[PDB]
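Based on the provided sequences and hints, a complete structural model is requested.
Now for the letters of each chain:
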Amino acid sequence: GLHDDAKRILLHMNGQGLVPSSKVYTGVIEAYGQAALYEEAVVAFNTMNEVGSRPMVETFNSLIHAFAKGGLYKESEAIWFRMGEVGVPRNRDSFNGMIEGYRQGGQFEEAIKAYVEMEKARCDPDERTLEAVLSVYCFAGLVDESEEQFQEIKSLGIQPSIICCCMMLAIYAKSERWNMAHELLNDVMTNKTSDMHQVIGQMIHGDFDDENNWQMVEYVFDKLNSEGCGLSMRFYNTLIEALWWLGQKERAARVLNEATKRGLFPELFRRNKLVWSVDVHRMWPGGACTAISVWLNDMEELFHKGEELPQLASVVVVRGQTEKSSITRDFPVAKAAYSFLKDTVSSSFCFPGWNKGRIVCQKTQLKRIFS
Amino acid sequence: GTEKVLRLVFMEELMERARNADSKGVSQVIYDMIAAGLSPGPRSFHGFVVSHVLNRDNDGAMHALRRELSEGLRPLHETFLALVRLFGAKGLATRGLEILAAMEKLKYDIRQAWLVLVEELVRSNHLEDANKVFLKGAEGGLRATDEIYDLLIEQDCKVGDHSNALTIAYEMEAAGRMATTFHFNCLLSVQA
Amino acid sequence: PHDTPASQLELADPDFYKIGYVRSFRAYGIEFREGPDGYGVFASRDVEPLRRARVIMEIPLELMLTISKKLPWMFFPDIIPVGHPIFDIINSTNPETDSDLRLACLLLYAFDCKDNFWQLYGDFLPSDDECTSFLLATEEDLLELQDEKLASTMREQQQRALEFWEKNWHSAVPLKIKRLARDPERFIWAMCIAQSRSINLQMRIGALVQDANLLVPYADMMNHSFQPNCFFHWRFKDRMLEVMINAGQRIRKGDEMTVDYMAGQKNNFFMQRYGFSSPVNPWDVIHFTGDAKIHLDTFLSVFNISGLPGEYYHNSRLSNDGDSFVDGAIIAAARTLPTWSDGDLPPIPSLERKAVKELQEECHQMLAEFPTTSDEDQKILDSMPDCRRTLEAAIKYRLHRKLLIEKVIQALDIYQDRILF
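Residue numbers (my numbering), protein chains in the order written: chain A, 1 to 371; chain B, 1 to 192; chain C, 1 to 421.
Simulated from the structure, these hints should not be mistaken for laboratory data. A portion of the hints provided could be inaccurate.
Calculated pairs, DSSO-like style, for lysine-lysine (alpha carbon to alpha carbon, straight line, at most 27 Å) [to be verified]:
(1) B:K4 with A:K363
(2) C:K407 with B:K4
(3) C:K293 with B:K4
(4) C:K18 with A:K363
Ranges of calculated distance between the beta carbons of each label pair, as one might list FRET restraints [to be verified]:
(5) C:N94 with B:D146: 14 to 24 Å
(6) A:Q321 with C:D417: 24 to 34 Å
(7) C:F226 with B:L69: 34 to 44 Å
(8) B:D146 with C:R155: 40 to 50 Å
(9) C:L367 with A:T364: 33 to 43 Å
(10) B:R19 with C:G38: 33 to 43 Å
(11) C:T336 with A:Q321: 36 to 46 Å
(12) B:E139 with C:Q265: 33 to 43 Å
For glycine and all other residues, C-beta sits at the position ideal for the given N, C-alpha and C.
Given below as structure tokens:
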């Protein structure tokens, strides 16, 4: 996911003289996709366009994933429509990325239609596709409905991974089912799954955190680098989701520290003389609440110390072409991030009039709640 | 109202950097822009172009442009201009010529710019291309300043190129300005 | 009916054209109409964009009155006889500055010479009441202008004209000379007609190419514009002046055909020669002694002015959204305001804000120094519809100067808003 190095490599290749080949672009956009530097990614694709080298489907299934990392559904629809006229087929990972982008965004109705289109085109749905179909019924109020896919996963193959178990646990905890979900929690901790899947589950239950006990999960945190930022960020996001909603807030939102020290969660926070904001465009609802808790306090820590306040403090929740729209409030994250803030702090902050895609606070207004 | 105060405050910063030429500083402010949700602006991109421009980064200047172009804003006139000035120093004639074509497509008057490319190339010692740029321009119908015509005729004669010089003199005439003893004397130098 | 500029006005007598048509004057695609202002020339047909120029009027040499610019004085229509007393008066004039006087004398002779078109045409020329020239203005009108320098010049000019009449129209003059200008107001009408209606062109008659000052009939009915539809050309072979439509310009029926009297000049000159003033004179100057300077390039960019410094024009294709604020006056503004343009370094936004206010301050000072405000002036103008023509002119000069200072204030502000997107 390093892109500074990708830019240096591109500069050195241009200085050499050899024209860059097709695959190079695919990777970069994937690297940038993780950090949400869409514009930076866009220029890379465009350089692929500028060269005029024919683009392999690989470039397209990389671009759909790079644009699905943020949640821009209009860009996904545009690139999907352009893929139909460019003369390439739509493979499995393309539909997977489309549904993944639709998940963090709105339009929950198009997911089942795209899946029935996969079934019509004989897409041979894979494990990631079935996980996405199960997650289709996750963000919505369909707790008891999201069980037939679980049975299909348990029957056609092994039990689903932890990114699904903890997700279903958070779903059960979101409704009025607290103690009946403890047996399903012990299930994932007393089954015959992988070795690392057993130690995961005791890191949330009990205390398990000290100078030595919390050092045991460091190995599990560092061993998951083989995925290549594909499911690692997904795993951390699902862990935070299942940890913060029902559990200890100080215990849940502490993984972000080691995640930023690792380099897998960039730009979670912007700090400058003019601006001081937080970007959660590639995050789900629960954890957003947590960082904020730290954020307020991090500031408070600075508050006695003394420092000039920013001119505008923003909360980057939703980006893209859709930003200038009144349909923005319908977003999945929007329903709950606002909620946490509504309970915790006096709400001077609300959607800007120039762009209805974030939450901003004026300078004088920020000072009042701080005091 | 509030936007105004903030938009105004942010910009003073971009400029502060641009003048001291830290392209990187701007880049953060540029990302900062998407965070505050401050709208991307053609004017805002301008500072970035200048930053690479100040420091001879062709790739960089182009890089910025590529982003703005992608955003969809039609670029401000001055930006394109600085690019030409820089490209010109460096003899990048074809590339400079390419910028001009685009300026035209976006409905702009290209006369002022064409003169700039030709002028600089002579100071930067690439006369052969300068002559070639002028002639192409002349065919189109673009008129030229008196000072430029004179520079090209004098310079060419000092190096020794009679051919290019007479073609230019003939064109001054067709456009309207007529020769004076200065122009003839230069031509005679190569002839004798 | 269709709305056209011509519709408001009424057609002139058939005789304006007939007197000319019997001699060889021909008009093509044109009419002539009259109104309170006076005669004007309008279109009667549609012309699509054209490859080369098209003739609207052809006027022969004999109808005109002409004198050469340089010292041997050669009069081409040649009305004056050899040995007549008028030549001595024309010869005794400074070769370089007074051509108005020489032309006046010739016109007066023409009115006394039989079978000269002018005896007939002069009836159609402006009377003492209907001419706007300021030579014919009282002390009061001169006062209303509110400008010391314009006022002074005018008085020096009024005196120069009287002095000539006294020196040459003395008691002992032969009657041929006396009849031509018995009272001094007649000389003044003549100088007024010469200054307001003269054209300068280069003419080739036979093999002689000379530059001349001429009074030409029927082409004086055209009006000024700074964005002109037509031009003047000499056709040597048939000895005629051609008024011609510019290449490439669409003209629609009912439109006004216009020509440009002098190029590059301020409103002070138009008043001295013609008694006319324009709200939009692209070349007018407002003077700021104030130190501050806004950056030039940006000015042009916000208001889409393109071009070299000498020639600035608004590109309208760039301005897809229909705009109107940018006009002659914003162009005028560009040239006048003091500006700093250095290298390529971009202007600091806060830094320039200081400049805008300091400049505006000077504008407020300027407007205040005058006796009345712009709205007050309109009131005086609206109050009396029928009034000495020279007086309406003076008030209108004032309204116009003030209005340009006001436009600048409005404009400098818009710069501010757009610097920061």
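Evaluated hints:
| no. | hint | result |
| --- | --- | --- |
| 1 | B:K4 with A:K363 | holds (13 Å) |
| 2 | C:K407 with B:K4 | holds (24 Å) |
| 3 | C:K293 with B:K4 | holds (23 Å) |
| 4 | C:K18 with A:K363 | violated (81 Å) |
| 5 | C:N94 with B:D146: 14 to 24 Å | violated (34 Å) |
| 6 | A:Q321 with C:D417: 24 to 34 Å | holds (26 Å) |
| 7 | C:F226 with B:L69: 34 to 44 Å | holds (38 Å) |
| 8 | B:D146 with C:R155: 40 to 50 Å | holds (42 Å) |
| 9 | C:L367 with A:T364: 33 to 43 Å | holds (37 Å) |
| 10 | B:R19 with C:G38: 33 to 43 Å | violated (58 Å) |
| 11 | C:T336 with A:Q321: 36 to 46 Å | holds (44 Å) |
| 12 | B:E139 with C:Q265: 33 to 43 Å | holds (36 Å) |
Of the numbered hints stated above, those contradicted by the structure are hints 4, 5, 10, listed in ascending order.
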